[PDB]
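Kindly produce the complete structure, drawing on both the sequences and the hints.
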Amino acid sequence: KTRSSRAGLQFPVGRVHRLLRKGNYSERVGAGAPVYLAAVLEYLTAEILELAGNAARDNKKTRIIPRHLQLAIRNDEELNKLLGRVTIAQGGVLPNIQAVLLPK
Amino acid sequence: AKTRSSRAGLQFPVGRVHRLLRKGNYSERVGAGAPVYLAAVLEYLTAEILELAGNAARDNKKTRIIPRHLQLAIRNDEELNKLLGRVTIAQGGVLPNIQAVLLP
Amino acid sequence: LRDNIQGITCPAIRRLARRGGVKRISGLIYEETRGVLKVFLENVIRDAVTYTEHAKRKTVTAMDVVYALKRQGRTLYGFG
Amino acid sequence: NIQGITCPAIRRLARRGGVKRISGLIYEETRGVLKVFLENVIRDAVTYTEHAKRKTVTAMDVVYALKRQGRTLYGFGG
Amino acid sequence: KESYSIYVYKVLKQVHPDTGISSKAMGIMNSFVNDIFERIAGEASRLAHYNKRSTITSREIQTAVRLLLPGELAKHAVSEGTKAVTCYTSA
Amino acid sequence: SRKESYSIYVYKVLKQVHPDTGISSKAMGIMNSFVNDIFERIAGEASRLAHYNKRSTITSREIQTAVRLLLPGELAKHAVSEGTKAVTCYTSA
Amino acid sequence: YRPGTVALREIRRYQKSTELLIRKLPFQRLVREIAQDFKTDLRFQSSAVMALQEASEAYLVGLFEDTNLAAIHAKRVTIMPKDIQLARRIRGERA
Amino acid sequence: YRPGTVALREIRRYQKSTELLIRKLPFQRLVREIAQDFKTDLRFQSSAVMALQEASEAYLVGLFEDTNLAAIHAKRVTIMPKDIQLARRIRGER
DNA sequence: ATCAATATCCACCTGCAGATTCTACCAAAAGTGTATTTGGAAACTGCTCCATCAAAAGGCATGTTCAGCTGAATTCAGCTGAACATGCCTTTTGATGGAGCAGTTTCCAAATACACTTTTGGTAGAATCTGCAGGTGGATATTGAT
DNA sequence: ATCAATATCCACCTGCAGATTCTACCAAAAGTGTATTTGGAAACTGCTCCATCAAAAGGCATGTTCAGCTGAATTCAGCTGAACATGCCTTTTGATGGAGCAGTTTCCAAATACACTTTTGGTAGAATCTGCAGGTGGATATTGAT
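Note that the protein sequences, when read in sequence, are chains G, C, F, B, H, D, E and A.
To convert, take the position in the first sequence, counting from 1, and add 14; that gives the entry's author numbering.
To convert, take the position in the second sequence, counting from 1, and add 13; that gives the entry's author numbering.
To convert, take the position in the third sequence, counting from 1, and add 21; that gives the entry's author numbering.
To convert, take the position in the fourth sequence, counting from 1, and add 24; that gives the entry's author numbering.
To convert, take the position in the fifth sequence, counting from 1, and add 33; that gives the entry's author numbering.
To convert, take the position in the sixth sequence, counting from 1, and add 31; that gives the entry's author numbering.
To convert, take the position in the seventh sequence, counting from 1, and add 40; that gives the entry's author numbering.
To convert, take the position in the eighth sequence, counting from 1, and add 40; that gives the entry's author numbering.
Please note: incorrect hints may appear among the correct ones.
Simulated pairs of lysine-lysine, DSS-like, Cα-Cα distance not exceeding 25 angstroms [stated by the list, open to error]:
#1 G:118 to A:115
#2 B:91 to G:36
#3 G:36 to G:15
#4 A:79 to A:64
With the Cβ distance kept under 8 angstroms, some of the chain C side facing chain D (calculated, not the full set) [claimed, not checked]:
#5 22
#6 50
#7 57
#8 58
#9 59
#10 70
Keep in mind the hints are simulated off the structure, nothing from the lab.
All residues carry an ideal CB built from backbone N, CA and C; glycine is no exception.
Structure representation (structure tokens):
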């Protein structure tokens, strides 16, 4: 009967609604707000996780590790633009050698 | 019958600051000390700019401070400039400086 | 309204650059600068307008432009 | 102890950073620079620390400071 | 004592059921969900505060999300946002 | 519509530091969005500090730490000076 | 006057001054045009168009300051598209 | 092997890897040392010294990326202090 | 261009240790259900503020001209950084011990929140004041060719 | 080294448009007195955090040798700045209509505020598995020489 399943999510609408008033973002939270927010986090979450597991699996292995996350974020134009000022610890950088440094 | 600004010897409003503090939702409870302190720090900083500003006004020939005078005052004080490092001052112009190499 | 971007003249650009402390300016600088200026505006306004039509307004206010500018981290005093 | 930062480890960095040929005077520059970077993170962290009345500086403190410098960091807290 | 780790794992097991996740990696995911949480919500609060409403509705989270997510990510984000609010309005 | 502003105060302070001197309109505007920007920086940081250290009340102690966080060098020093002396000269009824 | 010096006392002519340097009108027409790709029938406060002016000009003066440095760095004295392209990738505007 | 190519094969050796490249210890004492100028008797979570490391290095790979562009831009292939100081003023650190 | 010797990887194999996942519990959230409250949505309407338009004026953009000086390309030498191989030492690590302190509870004194009732401080024009924009004219530096 | 050819100042004036001051409410602090949380203030777990030790390891410090690349200086061609006449369109000033911002009232649809009623999520063991570390063996991929 929980409201996450009532909106067909797998992130918690409750825990989110709570975090929302208990942060002081205003004094009153619409009943829609935590639903929606719960959703956007679930969508974005799946988008990274998918690009990630794809990277892991392309790279030999059954599970996603910080390398797979950093790969997934830095190859998608948009996710990378969202996470442009975030460091993924344990993640390394993407391969890039300037054309000029190349032989002959 | 005694005001709280005059109670701390500020001339920024402690009351009105305390209000803004509760009506922003920075939390649910604002200590009686907080708005005092803040009222002061804003009065202080204000005075530091206004000071450098009026100085800029008089050697820049004039009786009142204008955006040019403010922009001068801030971009010449190391600290103020770094506080206001990502702020654009409308109608303030740029500080004068020409690269060494471009000179005759 | 069509292709008004070229109203941004090569002498006004070269005034900017002069304020910018530039002494000698290439030719291809001008439409690069046009590219850049258009891009910049496109971003500010996209946000601005969004702030407008969150307020259910058909008039885009100064304060909206202020807010987008604050979000882009290009904070702006004196209309705010 | 800043000299504990070796020239082969700097050049490992720069190599990951995609550099092919590295001057000599790069090393004392990089040392200067790293020192500065730390000084700012750490100052903010330690401030967060002794606001909590602590004598132990936590990771999360380092996280917060990093978020204030705009160098946000995932995988320890936020 | 809490985290989102459980949920990130549910969703993972939607998009890649055969696939799993390192610990340090799950950590990366969690401080991510909180970074985005905080970003959207803050922007919502500014929007409440600017337009002088003391209540944050799904509408704020929506405008916030069109403000903060770049390009097509905002499009789909807004989609599954409103879809979950509608399929919530029903029950 | 009461258009609230700090202009009275910024002028008071002005006439402390330069009694003979005045200020443009646009200049006064600059001054106001400045006072609000600094207000926000300080207050926000104070509030995050609240949330971090799990206290639901913002005291002067936060405004202080926040101020040492945002103001660089000797400006933070003197800001903390007159913050603390204004609260102490306030406690005395 | 030899090429180089009108440039220089232009530089200081315009640095001591706080006038907007793009003309108010063509500008306003560009703003209006770009906006109309996001919403239509949109009407602008005159001050909004003003702020947009002040901002985008300040941004462009800045980008020119940096670009000036990139050219000076690269043997040169004369600013070119690759320079702006650098300043903007380092600034991480388009990376 | 010709001057130039162990460099390149280093570049891809270290780019595929997510290893911290400063040694954990000397780093740790630099951290502690700098700290000691802000508060005394200070004690660090092992993880804080770690996060500081991930941060500082990540930052340094970044600065090396830009500084690399400043050099490539300036006719060259070999990074120099003028390169780092440009990247730091354009980035607006200085 | 290939040639063959180096050095570098990569693929494919493999047993097992360290994680990760999976399960079993209950304190702790989230959901229910009810009775109040309250914002902000609905619905006029008062009035700025914006969009045109015009008209007259110059203020600037254009286009052109043309020569200098700057960017681009080469040349070249010396010297700096890469590469490599050596011998040593600083780091790594792997538990183990000792203990400084984060982290939790249990209360309450002190601090803050309410809810109205008082008592000004601050805003909006209206009534005054006076720097300053714009205009001039030789003084005062800059700049440039012989 | 100097003037002339120019451009810039700096001083000197004035009526105005724009601060500055004055006035009059009005909405917001301030005052009072119960009505509460809250965050210390002690008292104490259980934990990370130091601090060693001690090997053993690899990672660093050094020095040599030298190729390749960084800078300096040249040369030239073209391209950008300076200069000016042409005439255009942006700018100013004032009027005109009206769109769509704002302000207020009215008052439910929506959210809050508790007190239980259920159920979820987190901790800490319980039960597999995914990589790791290590190993030839085959081409890769360079490298200098016919």
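Looking back at the numbered hints, which does the structure fail to meet, lowest number first? Result: no hint breaks.
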